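Trainee: Here's the letter readout for the chains.
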Amino acid sequence: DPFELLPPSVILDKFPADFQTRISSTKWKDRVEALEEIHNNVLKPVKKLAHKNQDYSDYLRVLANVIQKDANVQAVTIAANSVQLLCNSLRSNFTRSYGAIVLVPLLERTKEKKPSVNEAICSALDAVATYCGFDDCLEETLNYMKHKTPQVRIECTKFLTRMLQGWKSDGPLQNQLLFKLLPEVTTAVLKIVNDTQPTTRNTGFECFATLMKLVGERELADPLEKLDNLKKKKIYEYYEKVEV
Amino acid sequence: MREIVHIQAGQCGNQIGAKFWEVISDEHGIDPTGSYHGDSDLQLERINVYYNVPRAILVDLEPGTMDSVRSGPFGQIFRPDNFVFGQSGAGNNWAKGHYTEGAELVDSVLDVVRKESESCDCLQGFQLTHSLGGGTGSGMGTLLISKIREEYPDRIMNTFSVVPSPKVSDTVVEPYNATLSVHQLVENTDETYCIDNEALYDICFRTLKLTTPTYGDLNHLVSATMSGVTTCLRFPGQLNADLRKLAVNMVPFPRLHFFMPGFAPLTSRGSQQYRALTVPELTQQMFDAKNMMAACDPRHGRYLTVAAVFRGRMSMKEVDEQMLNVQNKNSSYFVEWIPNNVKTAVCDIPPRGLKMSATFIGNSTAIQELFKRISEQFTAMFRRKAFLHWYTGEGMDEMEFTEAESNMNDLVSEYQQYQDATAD
Amino acid sequence: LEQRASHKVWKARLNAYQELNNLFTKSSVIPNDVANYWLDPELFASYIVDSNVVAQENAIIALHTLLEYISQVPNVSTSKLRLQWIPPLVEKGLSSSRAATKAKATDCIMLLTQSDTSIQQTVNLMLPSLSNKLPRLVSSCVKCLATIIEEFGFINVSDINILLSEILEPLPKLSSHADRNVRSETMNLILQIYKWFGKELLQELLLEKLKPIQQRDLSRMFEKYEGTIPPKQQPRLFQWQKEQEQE
Amino acid sequence: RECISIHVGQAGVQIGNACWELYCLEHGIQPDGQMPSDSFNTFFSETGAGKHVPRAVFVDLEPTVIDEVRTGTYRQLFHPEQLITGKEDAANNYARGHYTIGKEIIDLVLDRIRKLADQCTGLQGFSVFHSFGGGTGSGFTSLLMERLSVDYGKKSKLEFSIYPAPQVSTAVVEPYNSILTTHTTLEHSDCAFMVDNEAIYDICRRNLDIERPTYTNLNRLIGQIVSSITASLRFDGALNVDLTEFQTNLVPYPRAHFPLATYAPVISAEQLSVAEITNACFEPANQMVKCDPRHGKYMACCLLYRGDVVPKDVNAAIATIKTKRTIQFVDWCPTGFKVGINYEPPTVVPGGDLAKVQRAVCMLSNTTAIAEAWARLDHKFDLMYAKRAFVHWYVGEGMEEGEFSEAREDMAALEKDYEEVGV
Ligand SMILES: Nc1nc2c(ncn2[C@@H]2O[C@H](COP(=O)(O)OP(=O)(O)OP(=O)(O)O)[C@@H](O)[C@H]2O)c(=O)[nH]1
Ligand SMILES: Nc1nc2c(ncn2[C@@H]2O[C@H](COP(=O)(O)OP(=O)(O)O)[C@@H](O)[C@H]2O)c(=O)[nH]1
Ligand SMILES: [Mg+2]
Ligand SMILES: [Mg+2]
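Residue numbers (PDB author numbering), protein chains in the order written: chain L, 300 to 543; chain B, 1 to 42, 45 to 54, 62 to 360, 369 to 441; chain E, 14 to 43, 46 to 262; chain A, 2 to 38, 47 to 279, 285 to 437.
Please note that the accuracy of each hint is not assured.
[Unchecked claim] 35 angstroms max Cα-Cα, derived DSBU-like pairs, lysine-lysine: (1) B:402 with E:117; (2) B:299 with A:401; (3) A:112 with B:124.
Keep in mind that the hints were calculated from the coordinates and are not lab data.
For reference, chain L alone in the conformation it holds in the complex:
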């Protein structure tokens, strides 16, 4: 039995009037307090949001606006933690409109290297992934593995690794993973495996050994041969220690 049966709570009435201008203000501390209030006072207490007839796609598109474009790294951190709370306390809601409204912004902001901030952004991306399975993330996660920033490559690839470990789609075969496996997934993971940086390459080595674990170390033996014998024994290193 799922504990989710609890009555739903509504937070729209909780919002204050001086919110829209405060979040869209030029003073950083206005924006911070705005987000920090509705998070600590309004989101953190609740444990289940209202599924029925509640449009959060006005609130969620302003969390995206800050997570993407807001120059204050602190305002980003507290926003991605808000986004996670919505996705966590309101499971089964982020079908497309919600999920897609924050997805591509979150992937852009993995560029952030401050440990606390990468913690919050990635943990939020884990929330949308666990509730949007492979809807829009699989295609767009690949897109941002091809991105120019080194950090977004290693983090969006680690993201595919996180998701792949929790891959348990229904059906015997012919899932979205197989329709695009060799065409897109593998051709994109090799771009990581053959990166200029070692710490980037080393993420690909896991993200390829977590791939073989899912789809058979024999099926992918074709691009394994085209790879260096030297990179091969690093990929195998992770294959032996990686589970799903």
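We have chain L already, so just place chains B, E and A with the ligands on it with the hints.
Mentor: Quick look at chains B, E and A with the ligands alone, frame taken from chain L:
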């Protein structure tokens, strides 16, 4: 907490019931036609409690009692709809009143009870007068109480039950009926004034020097006691104002809610009271067991709680002094572990006939003497199994008698426990 | 005296109830067309509310032995029965002040509960009675609800989530009810839900909302409980379960 | 700086009448609300039509007492939405005031309080008037105090409790109700002035020369002493100008927040010096709570003079008492007596047995000897609870029996708290 619905059931029920309405109609200045001819505001201040015309329902299986009431003095005032009467009588069989014949009519009664309660601003509770040795007053009364208790659980249940004595009726099934009814009242009522026919005869015989007391003579003692104990309820006053507050300050343990009433001075039917008593004299009619309406000696037990009602113009300073005196000069008779357990109240309007008067409501453990008497008579009857085929024929089981016997003895033991208790 | 079960005098109905009670024990198990207290269950629904406490109790023990004479095939028509019968049983049988009138009414519901596939069709009918004027009724029907669980339990119940919500909803008001018994006997029903699920679930939705003294007593009650979080074996089985065990 | 008054139970409501009667005489306000004449608007608001309305709520679980308000001399003063009544009273049962009956009306009461708080700009807190032994006074107040600590949590709340006394006691279970409310209202009250009805009785028999005082007698005397404490808030004095200062000056321990009030002079209507009245503040006969401060240590002490007073006479009277008596203080206390003066004369009621005096004083002192008062309640409580007497009434109206013990332990712990400070 304003209105009180009144009920009277059985012969005695309608007798002392009508007698009560005679007394308090006068005291409030109402004539038999139902029109105010008084001359004071303290009279109509809380007339809404018992009146609307009385808020009274008249019940009996004996249909003759109908006419004994209406042909009485204030018989014209009662609402015709509130008369609910059966075809045959119960004939001193509690089972007929509780299970068979009284049960068939009890629904019609609840319909009128509902009607009277429906048009009440805020009900307090109910008020039943009846005898315990009968079949209707005891059997149908206790059945009516339970039926009200479950239909009105947010209200108080207060009964004026009179105890049978061989001195007033030689019927030997009365110990059965009364024991069965006490088994009911201990579970179903919040407060019960125990009127003992044993004590009413001994007062009419020994104190009033009447060689043959009649019902009217005993009924005179009752109606005056009732008006005395209901003085707080019918006139403005700080202390013991409503039914619930009274029971709160009188009943420390739910089963031990049987009050020993008594009042002063004891007068005859319409005799001449030339010399008015003094405040210390009235006070010394409390322990005076010749003024108790229950046949018990307060000296043989201990008071848990006491409520005194002094009626008439007098010194509130002197009353406080005399009550504070009599308590500490007899400190071994009032329980120590309930501090300030005696409460006194004064009412300026005296009862008609008297310049001053005083009623003494007491929860005394001596009341166990009364229940001993009923139990010994019940057991003497029950051990020889006399007249049981009456009750069993009406659907009762022999087991019921044993349970009522044991339950009353537990009630006696409880009183004895708190009598021997210590504060230390 | 077959139609005298609706006669005007009480003592002739009292007979017909004893006559019936003797019939359902001495009648044929295969059953005479005379045993038509299934197709018209309004009949016994009337009898349980007899308007005479002594003849009522005799109608309930006749219903009781009727309701165990039906333990034989083919009686798939136990759905109609629980609808017609347990509302009178709860409303005026559990309600009763009589020692035996109550005890046999509960035992009857037991037999109607195990007629069913699960406990769901029983709980949903006897839930409204928690919102009744009379405390001793809600005092009692919370005890009866609590022991259809401790002996049966939740199995073969479609969508349990809807059912647990429906019985957890009144528990805050019941535990703040005036009557001592309604409260005391509500902590027992809480334990019997704890005794079958975890402490985590109750404390998230319910225990939070009670008086602190109350949730202490509930914790003290769980320590004295020994045995696995869901009970390994139920103290009582349903009809389809016992028959499946036999074959 | 606005302050809202609340009156619960007959005690609160009827003492309220005496206080707002006395407030309107001190402020020259008419029974109809008009005024032919700010600091006093801490207590009153204003209509567009020049009418001055109190910032007050009256509550009783029973009409009788409040019905006389809206048909009395001051029926026009209050808005009808301020006077709230139920139908069934609590019947001297804390459980009914707190659990059974109180929950049926608590929301209506809190709602009407919001309407007075919405009219206010800088609300300070609440003054609360209620009995101890009453069912409404004990149960409902403690409930309302819990809910005010939520809906207005970040502000002050002051009590005006009527300590019970057998001379006017209406119930046996008054020790129970007192202990029960004092337990649940201990955490939610910042300061609390007890009023022993016995001392008020004793004073009225000795100095007012009345054989058997009535409630009007006691309430008028009480209203005079309540006015002396709230005078600093209503006329903008120097001492105790807002509700926080009461805690600052008199409360050096959150729990021990029960000051002893002493008032002089009480002159019958059938003048003294500044020194003579100040000596009477250290005479037990004029205290509001019956105890002996000589058996205890002072945690704080304020003097609120009002009338024809010369500030130098005060300092002389202070030095006299500080030298010619031995008022023991605790070592961790300011050994100096705080003082404030308000030159307006003590107003009495036209017709009152209390006479107009030239000067008057009200000494507020948080002495540890007031623990003697708690000991008297606790002892009475112990006797009845030892046999579980009257307990079924409480348990039968939604209350757990354990709550009795949790309250008694909180009272035993408070008695130890008073001891350890004074050793
Ligand atoms: N000094 C003073 N004491 C009062 C007054 N009114 C009541 N008391 C005391 O308060 C105690 C309780 O009585 P109430 O305040 O009337 O009770 P309540 O608050 O109305 O509660 P319930 O009536 O039970 O609903 C008694 O011991 C009285 O002595 C008053 O006007 N002045
Ligand atoms: N005090 C008093 N007692 C009565 C009166 N009438 C009957 N009793 C007593 O009540 C008992 C008889 O019950 P009764 O009320 O007459 O039978 P019912 O008509 O079936 O209720 C006996 O113990 C009588 O002593 C009366 O008028 N006054
Ligand atoms: Mg008769
Ligand atoms: Mg009151």
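Trainee: Can you confirm whether the C-alpha distance between residue 299 (chain B) and residue 401 (chain A) stays at or below 35 angstroms?
Mentor: 32 angstroms, holds
Trainee: Regarding the pair residue 402 (chain B) and residue 117 (chain E), is the alpha-carbon distance no greater than 35 angstroms?
Mentor: With a Cα-Cα distance of about 29 angstroms, the restraint between residue 402 (chain B) and residue 117 (chain E) holds, given a limit of 35 angstroms.
Trainee: Given the proposed pairing of residue 112 (chain A) with residue 124 (chain B), does the C-alpha separation stay at or below 35 angstroms?
Mentor: 29 angstroms, holds
In terms of the numbered hints stated before, the structure departs from none.
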